[PDB]
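So this first bit is one chain, no partners, the form solved in complex with the partner chain, shown in structure tokens.
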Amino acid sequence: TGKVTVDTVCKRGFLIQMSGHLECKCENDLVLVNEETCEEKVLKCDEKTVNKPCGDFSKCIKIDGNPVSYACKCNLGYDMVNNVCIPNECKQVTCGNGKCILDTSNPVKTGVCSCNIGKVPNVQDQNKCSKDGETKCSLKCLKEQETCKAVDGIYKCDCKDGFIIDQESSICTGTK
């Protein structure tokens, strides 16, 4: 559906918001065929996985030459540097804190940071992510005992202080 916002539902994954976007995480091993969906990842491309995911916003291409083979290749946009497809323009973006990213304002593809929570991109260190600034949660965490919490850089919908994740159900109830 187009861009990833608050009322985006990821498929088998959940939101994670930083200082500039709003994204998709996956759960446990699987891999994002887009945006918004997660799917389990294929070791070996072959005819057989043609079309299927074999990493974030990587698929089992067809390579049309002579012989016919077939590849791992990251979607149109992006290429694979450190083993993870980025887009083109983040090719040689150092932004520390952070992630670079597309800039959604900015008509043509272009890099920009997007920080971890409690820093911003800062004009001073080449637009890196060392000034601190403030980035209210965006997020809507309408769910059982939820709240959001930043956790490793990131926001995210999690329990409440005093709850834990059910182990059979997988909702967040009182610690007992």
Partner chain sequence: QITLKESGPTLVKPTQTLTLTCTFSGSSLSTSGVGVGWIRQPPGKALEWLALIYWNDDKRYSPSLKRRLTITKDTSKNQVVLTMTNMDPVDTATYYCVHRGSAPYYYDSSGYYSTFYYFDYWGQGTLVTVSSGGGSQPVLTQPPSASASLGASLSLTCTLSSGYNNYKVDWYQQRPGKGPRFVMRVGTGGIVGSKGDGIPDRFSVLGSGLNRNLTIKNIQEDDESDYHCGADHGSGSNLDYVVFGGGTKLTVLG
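Basically, rigid core = biggest C-alpha set you can superpose within 1.5 Å across the two forms. Positions refer to the first chain, counted from 1. Compared with the form deposited without the partner chain:
Among the candidates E47, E144, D125, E40, the CA atom that moves 2 angstroms or more between these two forms after core superposition belongs to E47 alone. With a cut-off of 2 Å and the rigid core superposed, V31 has a Cα displacement that falls short of the cut-off between these two forms.
Core-aligned CA deviation for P107 between these two forms: less than 2 Å. Comparing the forms between these two forms, the C-alpha position of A71 differs by 2 angstroms or more, with the core used for superposition.
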Second form
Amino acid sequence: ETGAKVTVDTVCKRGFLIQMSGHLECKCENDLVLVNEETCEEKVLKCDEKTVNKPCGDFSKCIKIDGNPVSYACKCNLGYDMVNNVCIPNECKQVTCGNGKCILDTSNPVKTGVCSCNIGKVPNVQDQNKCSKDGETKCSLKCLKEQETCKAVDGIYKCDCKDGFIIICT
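Let's compare: the form solved in complex with the partner chain is above, so bring in the form deposited without the partner chain.
Next comes a single chain, given without company.
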């Protein structure tokens, strides 16, 4: 995390908690975008004078660029940089994790990127701490909604329908 550590008690506004091998984070409902680590909002689709400072993506806003004539661009929030057209923590610029993603280490006072892996993998000290070693992760999510439990979906833990339910879970 770049801010406070996300926990099982964190409320994701217009979002929901997900778990990987080394952290929790908020994922947005439908097509919303993160304006911070705990808040999702609608995004604008074009950056100009009318949409300045509006969210244009995960951890990005339309920012006034002080160029030859003034222009506007979707620019990552403080602490983030564009890598493959998505905003990731600056200290993750050069970090490659494979079956996972880079996060800031909330246990380190020096800002440092570490790999947090898909459910199934763990940091491999033999392989530059990338997500190449197979390993188990205990799910921390409570999943108190109707007929819901922590399930692994596409490499991440999320609360989902129990055995025999689809769409609230019926």
